[PDB]
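Work out the full structure, taking the sequences as your base and the hints as a guide.
There are 4 protein chains.
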Amino acid sequence: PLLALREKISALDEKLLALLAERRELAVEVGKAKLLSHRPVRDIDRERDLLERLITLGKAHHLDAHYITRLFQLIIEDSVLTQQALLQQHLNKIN
Amino acid sequence: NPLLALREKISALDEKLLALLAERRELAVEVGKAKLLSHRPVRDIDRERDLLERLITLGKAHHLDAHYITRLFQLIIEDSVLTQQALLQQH
Amino acid sequence: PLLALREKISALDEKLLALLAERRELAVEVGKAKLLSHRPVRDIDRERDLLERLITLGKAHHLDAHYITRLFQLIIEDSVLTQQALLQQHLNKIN
Amino acid sequence: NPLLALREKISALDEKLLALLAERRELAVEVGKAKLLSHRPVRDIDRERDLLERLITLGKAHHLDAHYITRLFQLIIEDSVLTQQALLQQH
Ligand SMILES: O=C(O)[C@@H]1C[C@]2(C(=O)O)C=C[C@@H](O)[C@@H](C2)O1
Ligand SMILES: O=C(O)[C@@H]1C[C@]2(C(=O)O)C=C[C@@H](O)[C@@H](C2)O1
Ligand SMILES: O=C(O)[C@@H]1C[C@]2(C(=O)O)C=C[C@@H](O)[C@@H](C2)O1
Ligand SMILES: O=C(O)[C@@H]1C[C@]2(C(=O)O)C=C[C@@H](O)[C@@H](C2)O1
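Chains as they are written, first to last, in PDB author numbering: chain B, 6 to 100; chain A, 5 to 95; chain B', 6 to 100; chain A', 5 to 95. A prime marks a further copy of an entry chain.
Source of the hints: derived by calculation from the structure; they are not laboratory data. The beta-carbon is built from N, C-alpha and C at its ideal position, and this holds for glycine as well. Mixed in with the good hints there might be a few duds.
From the structure, some residues in chain A' lie toward chain B', with a derived Cβ separation under 7 angstroms [as the list claims (entries may be wrong)]: (1) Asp18; (2) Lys20; (3) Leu21; (4) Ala26; (5) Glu34; (6) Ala38; (7) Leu62; (8) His66; (9) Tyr72; (10) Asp83.
Dropping the structure here:
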């Protein structure tokens, strides 16, 4: 009976993976937009808000706040570094 | 606004992630019930190895590196074991 | 008779001035394009070519090479600094 | 190409500048003939002061600063005096 469920889990994980790829593509686009707008990569205000929104909505699914924070902390960290990778490249090229 | 239109996309995407994480917890509970009757132990380090390896393989196609995938999924699995062990201690 | 000619000179100078403003607007646009393309402001190859072209065409108008060089050296210097002003601003904003 | 289309505009503009500089030299020659008959001296530091001040005023409207205008026009005037003094030494 375990094999049936594990097969569902593996399918779900593949969907998570796809979304994670998509969010990473979005962070690159966002980084591009920051170069034009002359804004820095990191934006603490936005992260503060985003997390509060996620913790509020997570509550409805019974996902706890600390689980959501530990998880989005990795996701945001990754998207921040991805953008910083493009900034550094950019900075070496124009300079 | 350039910046704004993307963020709305990000916020919508993050909303979909929450739904999948909760659903995954549900499935972990089900697997929790099965190990109860079947009386199997919660942790199965071998399944976790194959699951992670498969995701790292699928991820390269998406241009997601193994480090980020390993870290993110170990946390999801960590929570998943926590979820099952709770179910067991309630029975 | 001098006043008649001086009146023509002043009109000509105003046209030169307008072109100088226009070339400065073009250098800003070019600078913007360099930020997207990730290219540095200065391009020695382009300046080398541009000057050779100007010296060749100048010959037809009887303008000598050294006069043309002294003059375009100021014009190019100015457009280089104008672009560097936008790069510096940009760099302080994204960083 | 973004970079290329602008450069063609710059190259065309530079071509117009050459035409005006040559024409200006012609006028300086004419003024050279007038000072010959009228027997006036080539250099007129007073006309140069008013000419430069006027250009600096017109230039602010174009967002061109006084430093660049002064430097560029002093060279054009410098060449202009050189042009006239040559005409005189040929007569
Ligand atoms: O500005 C942004 O929107 C992006 C996305 C980001 C996130 O991961 O959600 C949120 C805020 C910023 O610090 C970083 C990370 O850039
Ligand atoms: O048996 C299982 O399949 C479930 C799910 C789990 C996971 O989270 O993927 C993988 C293996 C086990 O350690 C735990 C966690 O139980
Ligand atoms: O790349 C460019 O085209 C612009 C214009 C410029 C010039 O003044 O003509 C020529 C070459 C570059 O060094 C600078 C100055 O940027
Ligand atoms: O008398 C003149 O008007 C001409 C032209 C000139 C200039 O280049 O503008 C201005 C004043 C004089 O010194 C010389 C140079 O002769």
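Hints, one by one, checked against the model:
1. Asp18: 6 angstroms, holds
2. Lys20: Since the shortest Cβ distance to chain B' is 6 angstroms, the answer is holds.
3. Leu21: 6 angstroms, holds
4. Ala26: 4 angstroms, holds
5. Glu34: Hint on A':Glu34: holds, closest Cβ of chain B' at ~5 angstroms, below 7 angstroms.
6. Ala38: Constraint on A':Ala38 satisfied, holds at 5 angstroms.
7. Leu62: 6 angstroms, holds
8. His66: With Cβ-Cβ at 4 angstroms, under 7 angstroms, it holds.
9. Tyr72: 5 angstroms, holds
10. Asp83: Holds, about 6 angstroms.
No hint from the list above goes unmet by this structure.
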